[PDB]
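Take a look at this one chain, the form deposited in one PDB entry, written out in C-alpha cells.
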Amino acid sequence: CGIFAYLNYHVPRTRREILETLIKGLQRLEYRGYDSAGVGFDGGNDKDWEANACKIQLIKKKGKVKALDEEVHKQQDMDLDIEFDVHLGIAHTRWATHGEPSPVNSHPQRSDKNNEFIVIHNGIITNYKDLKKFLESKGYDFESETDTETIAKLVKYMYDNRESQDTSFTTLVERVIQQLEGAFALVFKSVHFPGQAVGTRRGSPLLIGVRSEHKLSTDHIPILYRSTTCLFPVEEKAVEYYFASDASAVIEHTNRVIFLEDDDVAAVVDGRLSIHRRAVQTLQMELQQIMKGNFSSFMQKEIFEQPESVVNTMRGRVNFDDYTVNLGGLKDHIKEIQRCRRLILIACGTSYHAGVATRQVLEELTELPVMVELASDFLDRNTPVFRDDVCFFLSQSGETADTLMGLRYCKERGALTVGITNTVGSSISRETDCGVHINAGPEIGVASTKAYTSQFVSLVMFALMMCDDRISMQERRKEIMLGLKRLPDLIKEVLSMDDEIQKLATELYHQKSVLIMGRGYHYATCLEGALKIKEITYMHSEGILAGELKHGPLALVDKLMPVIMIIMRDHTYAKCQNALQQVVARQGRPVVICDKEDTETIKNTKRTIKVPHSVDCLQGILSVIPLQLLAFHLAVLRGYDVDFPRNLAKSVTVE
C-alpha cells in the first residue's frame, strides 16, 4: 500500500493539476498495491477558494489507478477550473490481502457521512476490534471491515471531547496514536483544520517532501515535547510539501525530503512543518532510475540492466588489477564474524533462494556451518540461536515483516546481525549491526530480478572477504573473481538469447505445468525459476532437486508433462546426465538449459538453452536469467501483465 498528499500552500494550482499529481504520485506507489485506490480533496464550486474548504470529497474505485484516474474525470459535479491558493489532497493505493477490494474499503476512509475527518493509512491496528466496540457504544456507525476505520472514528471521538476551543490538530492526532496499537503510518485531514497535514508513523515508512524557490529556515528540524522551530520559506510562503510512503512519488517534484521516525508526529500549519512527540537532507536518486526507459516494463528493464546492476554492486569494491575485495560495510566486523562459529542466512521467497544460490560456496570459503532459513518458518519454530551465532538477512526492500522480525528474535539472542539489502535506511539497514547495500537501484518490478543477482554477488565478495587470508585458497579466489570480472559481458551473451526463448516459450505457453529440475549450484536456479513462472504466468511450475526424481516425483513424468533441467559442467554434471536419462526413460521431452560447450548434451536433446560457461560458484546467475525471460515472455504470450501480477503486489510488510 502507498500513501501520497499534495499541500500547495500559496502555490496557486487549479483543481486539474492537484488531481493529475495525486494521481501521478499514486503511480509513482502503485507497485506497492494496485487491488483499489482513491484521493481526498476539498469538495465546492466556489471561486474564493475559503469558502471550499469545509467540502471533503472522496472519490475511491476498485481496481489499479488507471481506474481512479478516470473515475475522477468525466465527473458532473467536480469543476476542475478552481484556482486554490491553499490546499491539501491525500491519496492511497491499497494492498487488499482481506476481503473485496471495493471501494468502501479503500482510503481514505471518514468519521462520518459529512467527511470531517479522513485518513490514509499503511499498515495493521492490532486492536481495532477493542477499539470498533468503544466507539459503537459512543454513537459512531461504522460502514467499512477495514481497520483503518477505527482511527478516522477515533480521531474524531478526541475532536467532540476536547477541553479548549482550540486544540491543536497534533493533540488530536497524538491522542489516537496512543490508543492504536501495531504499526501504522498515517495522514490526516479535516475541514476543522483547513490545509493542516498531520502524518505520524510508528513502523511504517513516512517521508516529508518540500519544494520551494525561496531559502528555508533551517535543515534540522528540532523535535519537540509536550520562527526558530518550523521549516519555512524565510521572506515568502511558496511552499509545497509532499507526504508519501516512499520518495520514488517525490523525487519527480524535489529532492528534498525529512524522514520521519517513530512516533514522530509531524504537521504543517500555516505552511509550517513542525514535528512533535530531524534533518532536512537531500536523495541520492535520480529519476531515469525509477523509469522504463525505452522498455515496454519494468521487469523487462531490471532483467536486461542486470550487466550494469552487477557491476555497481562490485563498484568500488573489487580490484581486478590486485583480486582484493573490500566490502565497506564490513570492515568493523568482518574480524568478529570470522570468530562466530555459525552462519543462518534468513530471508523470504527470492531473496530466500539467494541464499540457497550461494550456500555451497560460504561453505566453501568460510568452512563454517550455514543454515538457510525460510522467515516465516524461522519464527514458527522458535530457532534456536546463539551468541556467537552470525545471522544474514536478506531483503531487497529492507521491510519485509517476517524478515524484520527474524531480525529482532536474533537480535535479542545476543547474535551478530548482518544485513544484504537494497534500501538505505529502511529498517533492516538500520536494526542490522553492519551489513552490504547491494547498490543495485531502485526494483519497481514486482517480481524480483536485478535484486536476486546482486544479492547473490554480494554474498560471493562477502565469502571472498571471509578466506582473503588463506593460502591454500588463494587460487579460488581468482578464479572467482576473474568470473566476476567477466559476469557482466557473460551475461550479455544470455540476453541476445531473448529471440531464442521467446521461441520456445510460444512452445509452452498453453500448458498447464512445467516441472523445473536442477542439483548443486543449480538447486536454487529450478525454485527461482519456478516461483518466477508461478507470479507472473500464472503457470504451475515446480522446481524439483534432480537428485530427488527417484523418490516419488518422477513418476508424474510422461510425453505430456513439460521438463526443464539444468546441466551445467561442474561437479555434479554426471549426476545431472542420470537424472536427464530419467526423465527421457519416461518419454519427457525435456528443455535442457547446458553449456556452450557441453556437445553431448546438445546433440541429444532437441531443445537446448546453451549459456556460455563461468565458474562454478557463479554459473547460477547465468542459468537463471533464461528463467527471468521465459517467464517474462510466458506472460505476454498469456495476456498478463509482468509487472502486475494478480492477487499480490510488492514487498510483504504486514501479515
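Numbering follows the first chain given and starts at 1. What changes on going to the form deposited in another entry:
- Of the listed residues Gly195, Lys550, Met285, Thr218, only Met285 lies at a hinge between rigid parts moving between the two forms; the rest are more than 12 positions from any hinge.
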The other form holds:
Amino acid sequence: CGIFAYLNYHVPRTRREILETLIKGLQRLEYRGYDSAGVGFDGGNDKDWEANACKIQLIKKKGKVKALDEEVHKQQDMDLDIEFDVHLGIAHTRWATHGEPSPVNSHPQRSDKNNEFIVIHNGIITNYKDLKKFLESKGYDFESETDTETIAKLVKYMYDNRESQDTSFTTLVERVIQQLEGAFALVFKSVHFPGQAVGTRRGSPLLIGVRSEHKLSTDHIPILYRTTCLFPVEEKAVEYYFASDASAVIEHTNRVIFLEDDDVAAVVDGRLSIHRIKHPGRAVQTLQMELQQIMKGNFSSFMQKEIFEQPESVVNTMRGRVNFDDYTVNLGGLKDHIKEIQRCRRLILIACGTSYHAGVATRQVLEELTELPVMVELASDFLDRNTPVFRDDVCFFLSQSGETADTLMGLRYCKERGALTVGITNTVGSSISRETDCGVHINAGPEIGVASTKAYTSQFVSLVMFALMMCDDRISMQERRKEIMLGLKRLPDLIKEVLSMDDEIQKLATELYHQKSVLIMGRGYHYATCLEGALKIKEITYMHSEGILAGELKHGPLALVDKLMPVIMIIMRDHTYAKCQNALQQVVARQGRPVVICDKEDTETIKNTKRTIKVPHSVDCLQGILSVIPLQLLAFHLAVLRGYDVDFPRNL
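Now that the form deposited in one PDB entry has been shown, please provide the structure of the form deposited in another entry.
We keep it simple here and write out only the one chain, dropping partners and molecules.
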C-alpha cells in the first residue's frame, strides 16, 4: 500500500539518520488505520560500513508507524551511530489483506532465515498459489500468509540457479516478474548486491526521486534492451528515493522519474538505469508539489482542510489559464489538440463516483457551448454494455487519482476504437494521465481526505474552462462567455461567503443528528448537487441520504414525503426556478417540511420555509459549486456529532 526506499550513495549517513528517513517516509504514506509496517536495513555494529553489508536486519511491527518508530529505538543490540557512505534502506506500511496483521505478515518479506533477499510489495499476485507450490517442491519453506513472500522466495530461486557467478540483479528480477501474474510494485534488496536497488511495477504506481549537489548526466533516461544512465557527472554523491506516491519524496526532492509497466529500474554503483525485455525513455521531471500541501495545518482533519481551502484550490485550478481582461481561456494541455477536438461529433464523459457527478454537473453547459451531444457514463456500466464508440468521438476520463480501474479500462477501450481521449486528472504521472492523448491537470493539490471535496469543484471548474475554449470563436456567445468568466472571477469570494455560513450548517446538522434518512431534491444544474450531496452523506455520515431528480417526484418518489421524512430542496434563480417552486408546493402539500438551499436574495421562499441556507447568487452554470458546499459541510458536521472519524475510511 505504501512503499518507500532511500538509497544514499557516497552521501554519508548514520544508521539513525537512515532509519529516521525511512520512518518519515512511511508517515507521509501512512493513512488512518494502517495496521502493519516495517523496515529493512543493514545490521551489524562494526565500525564503518562495507563489513556490515552482508547482514540485512528487519524490524517489522503490527500497528501504526508511531509504534514502529518506538520499536526502532527500542533495540538494545543496535548501535545507531555507525556511518554508511553507501546504504539502501526499504520500508512499507500496509492495511493487511492476504492474512492477519502480525509482525511476520508485515513487509519486507524475506527469502530465508538469513535475509539474503527482501522485498516490499504493493498489489496482489494472482498466481501466487502455483508459485508457492513450485518453490516448496524445490525445497523452499514458507513462513507467512502473504503472496509477497513468494516473490522473496522466487528471486532466491533464480539466484540459486544462475548460469554465471555475475548475473545482474536486474536479470534475476526480470525472471521473477515473468512468473508473476496480477499487479505489483516492487523494490528488492539483497546481500549479494550490496548498495544496489531494483524497482519494477506492473499495474501499480512506482516512482524514483533523485537528488545530488552535482550535475546529473541527463534528464531523459533511455531504455536498455536485452549517455545511457543517470548519475552525478563529476562526483559519486547522489541520493535515490523509491516510493509509491510523491508525498514521501517531495520534501527531499522534486525531480522524479515515473516508472511504467514492466520497467525494471536498477541502481548499480550509484548509477540508475531502466531496462526492458522488448528511442523511448523515461523523463526526469519537476513536480510542482510541496510538503505543506499534504499537511493538515491548523485543521483537525483533512476533510475540513480540503473543504475550507476550496477558495484557494479553485484559484489554483485557474492560475495561468484565465484572463479576465480579454476574456480568454488557455488550457496548456489542450494546445496541440483543441482544433482536432472541435472537429469531433460527440463528447463522452466517463468516470466513477463523484468524478461522474462532476460530468453530470457540467453536462448542460458543455452541450450549450460546444453544441455537440454529450454522453455521461458510469465507467462500470460503460464497460458492461460494450458501448459503441467511434473515431470521431472525444472521450473524457475524470479521475482525481488517475488510477481507478474501470475508468482506466474505459480509457483503453476507447483508444482501441480510435477515439480521441482526454484526461481530467489530479495526479501527475498517473495511469490515466499518461495513457490519455491529452488532458488537464486540475491543479487542486493532493486530496488526502477520504471523500472527494476540492477535486469535485476543481474538476467542475476545469470542464467549464474547456467549454469556454470550445466557443471562443462564436460571436453569438461572446457575452455568455464574459458572464461565465466574471462568475469564475468572483467564485473564490463567493465560496468564502458560503463557508462563513458554517454556523448555520451546524444548526442543520443538529436537526438531522437523530435522523436515519434524508431526501435531497434538485433538478437542472443541481441534479448533480443532490447526487453528490447524497453520496457524501452516505460515505461520511453513514445515513441513508438519496438524491432525487425533482421532475421525477410525481412519478413515484413523492410517496416518501410526510411529516417525518427529512427533505432538503435546492431552489436557485435560474431558468428552472418556477419548476422548483412547483416541486416545493408538491412537497409541502404532503406535510413535508423541507430545508431549502436557495440564493441569498430569494426573499419569496425564505419566509415560507422552516430552515433555509442562503447561498450567494452566481451565474447559473456555476451555482452547483456554491450549492454543494453546504452539503459537504453537512456531512462533515453530522459525522463529527456522531463520534465518527471523518478521515478514517469505512468502505476499505
